[PDB]
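Taking the form deposited without the RNA, here's one chain by itself in structure tokens.
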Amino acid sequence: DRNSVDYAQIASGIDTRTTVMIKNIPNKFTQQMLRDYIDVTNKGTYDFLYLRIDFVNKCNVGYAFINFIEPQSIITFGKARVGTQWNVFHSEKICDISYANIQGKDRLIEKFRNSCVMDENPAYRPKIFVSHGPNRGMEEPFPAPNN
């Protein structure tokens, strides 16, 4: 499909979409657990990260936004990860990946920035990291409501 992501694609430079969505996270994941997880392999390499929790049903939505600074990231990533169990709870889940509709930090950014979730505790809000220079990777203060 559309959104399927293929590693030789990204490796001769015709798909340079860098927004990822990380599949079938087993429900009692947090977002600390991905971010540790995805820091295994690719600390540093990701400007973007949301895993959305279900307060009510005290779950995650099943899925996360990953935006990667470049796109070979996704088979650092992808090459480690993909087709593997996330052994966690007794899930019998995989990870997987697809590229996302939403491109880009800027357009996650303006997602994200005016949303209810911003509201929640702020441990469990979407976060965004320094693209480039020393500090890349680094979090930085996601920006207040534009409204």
Given for the second form:
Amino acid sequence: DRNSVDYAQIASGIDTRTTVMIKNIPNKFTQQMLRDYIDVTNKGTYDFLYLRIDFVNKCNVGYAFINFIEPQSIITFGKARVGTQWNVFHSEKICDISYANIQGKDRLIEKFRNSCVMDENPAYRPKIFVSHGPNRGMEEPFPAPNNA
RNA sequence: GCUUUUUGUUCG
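Next block: the form solved in complex with the RNA, after the form deposited without the RNA:
Okay, now the whole complex, with that chain kicking things off.
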């Protein structure tokens, strides 16, 4: 209901949400393969990316999270991938998306900066990329923790 | 044939 993606509301500017859940991902798909998968259609249009990893079984958990700098980049990705199979690892999964429950790079940094997922391998951690300017799209170090 | 489905306080 609430996390349903409607491309007509993105295009009309009613729904200004930028964080999206990338659901139904092959479990042996990696952070590199996902960045590459997105970069086909949406190179430099996103400023956050997090593919959740099972640290014990050493493979993704079936979903990822991406934040688009502009909501209209959700139509570009959505129209290209939603409803399509991945063609890797004999997986019959089909790509799908929905809005994320945590919206925005600032809110996502708040959440992840003091997390124990930041203490793991960098390929297992959430990543961020410059949102605006001539450095737009370049990977940035994640803001350090601020616990007590 | 390849898997966790709204983000690890639970390490599966």
